[PDB]
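Only one chain is given next, in structure tokens, and it is the form solved without the named molecule.
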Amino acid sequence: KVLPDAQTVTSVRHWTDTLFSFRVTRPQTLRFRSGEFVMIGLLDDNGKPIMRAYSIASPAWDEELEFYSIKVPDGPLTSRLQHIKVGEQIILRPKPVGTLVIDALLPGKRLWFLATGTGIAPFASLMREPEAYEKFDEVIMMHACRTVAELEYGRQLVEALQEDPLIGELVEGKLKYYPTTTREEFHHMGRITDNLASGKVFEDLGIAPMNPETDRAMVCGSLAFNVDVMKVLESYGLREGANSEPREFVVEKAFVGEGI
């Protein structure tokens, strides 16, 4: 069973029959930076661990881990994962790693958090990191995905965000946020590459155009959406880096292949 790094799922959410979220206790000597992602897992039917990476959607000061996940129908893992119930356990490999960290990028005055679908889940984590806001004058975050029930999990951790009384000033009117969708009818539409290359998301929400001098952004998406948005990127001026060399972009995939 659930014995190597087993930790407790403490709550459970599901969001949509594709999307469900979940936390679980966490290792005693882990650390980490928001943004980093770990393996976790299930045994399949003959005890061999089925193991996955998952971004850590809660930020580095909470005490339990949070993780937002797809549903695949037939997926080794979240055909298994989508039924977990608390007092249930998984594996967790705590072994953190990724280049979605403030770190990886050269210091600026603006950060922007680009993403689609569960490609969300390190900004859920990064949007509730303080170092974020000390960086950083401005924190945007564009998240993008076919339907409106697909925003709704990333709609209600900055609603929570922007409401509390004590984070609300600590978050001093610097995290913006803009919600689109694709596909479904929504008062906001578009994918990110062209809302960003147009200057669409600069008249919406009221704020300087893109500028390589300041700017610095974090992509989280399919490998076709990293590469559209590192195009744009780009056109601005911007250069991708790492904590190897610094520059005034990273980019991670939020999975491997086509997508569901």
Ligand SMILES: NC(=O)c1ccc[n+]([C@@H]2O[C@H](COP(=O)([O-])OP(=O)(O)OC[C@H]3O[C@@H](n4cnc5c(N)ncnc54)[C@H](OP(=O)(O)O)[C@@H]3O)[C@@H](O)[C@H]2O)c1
The other form holds:
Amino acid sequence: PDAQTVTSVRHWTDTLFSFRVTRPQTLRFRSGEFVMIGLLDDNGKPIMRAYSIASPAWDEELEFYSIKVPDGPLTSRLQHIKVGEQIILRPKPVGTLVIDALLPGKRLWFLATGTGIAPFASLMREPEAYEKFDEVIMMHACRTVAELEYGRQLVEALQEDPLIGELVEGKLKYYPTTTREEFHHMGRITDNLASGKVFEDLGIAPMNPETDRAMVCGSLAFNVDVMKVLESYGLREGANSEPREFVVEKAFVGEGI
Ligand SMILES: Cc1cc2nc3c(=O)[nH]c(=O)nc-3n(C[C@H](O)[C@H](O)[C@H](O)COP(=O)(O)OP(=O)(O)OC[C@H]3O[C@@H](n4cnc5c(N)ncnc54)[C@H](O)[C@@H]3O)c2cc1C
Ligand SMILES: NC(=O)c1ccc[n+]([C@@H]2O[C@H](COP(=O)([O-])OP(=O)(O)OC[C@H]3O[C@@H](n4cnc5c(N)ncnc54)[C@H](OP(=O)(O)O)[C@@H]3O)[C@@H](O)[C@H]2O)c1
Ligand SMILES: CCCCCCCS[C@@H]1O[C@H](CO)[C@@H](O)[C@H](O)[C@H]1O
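With the form solved without the named molecule in hand, show me what the form solved in complex with the named molecule looks like.
Time for the whole complex; same chain goes first.
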């Protein structure tokens, strides 16, 4: 179908890699949305899967942060992709993780686990995030330290850029944690928001309906627990049609891995 070419590839761990592809000249999307991408199976039939566009809406190229599931119909194949090869990329962007889907506010929270940081790798590089809000809080929880690397480097590259470094350094608050390995900050996003620990570590006021807006992206179980916690602070799930305090999107469907 619609074919695009891989321009670069980077493996982060034995189960995580990112790659950038050429962008369809017709593509127009909002930072945070996802599209369907895929490869042909052995019978020449499409293996399609939804993927958040990890790059900001203004980037000339498209980037994706992907898991590597051995025996995974798509990623067992995609994990071998090389520069110059191609993938199917359908330019029909959709998704609820968009600023327009949230009432204006002053503090924006990105709550993610595992590859769920993909749509935020996009939003953290979206000019609109820093224009419409005073602070942007990026909470990324993973089992191990290595899983945080892609996000760590991204946040690092932002807060250090010669041009917008000081700017971002002042509004972006990066809060990574591990739950299975030793790290300076640990614990689930749910637990750390509920107990109040994150508000203390970051030296900021607790969550409130009037100023806080959040985007949630992780496993279904994670999404449901974060919702209750957010609701415990008076926030309500919104909609692109009726904007409120928070929005959610599954980082993937199924059990775990
Ligand atoms: C809205 C939406 C957006 C998504 N965006 C991304 C993204 O940006 N990057 C990404 O890697 N995946 C993303 N996923 C998952 C993605 O669509 C595919 O599932 C992934 O490419 C795996 O495909 P597969 O055919 O190799 O394995 P599958 O048969 O699809 O899945 C086998 C099992 O692996 C697990 N799994 C699948 N994907 C993940 C993952 N992301 N993280 C942890 N476990 C997983 C689940 O338990 C799944 O049942 C997204 C899913 C949805 C529903
Ligand atoms: N059938 C089974 O008994 C079975 C099947 C598959 C995997 N697993 C186990 O699960 C592990 C893989 O990780 P996982 O799925 O538990 O994490 P996960 O969704 O893949 O995502 C990574 C992170 O989200 C956190 N998380 C998971 N559930 C959460 C929730 N309900 N609320 C808030 N945060 C949550 C995890 O913390 P935590 O580490 O505390 O989860 C982890 O930090 C493996 O170590 C494996 O041993 C068990
Ligand atoms: C003028 C630079 C603006 C801010 C850059 C810091 C983020 S880091 C940067 O982000 C770009 C956009 O996603 C990518 O194309 C690039 O490869 C990546 O290193």
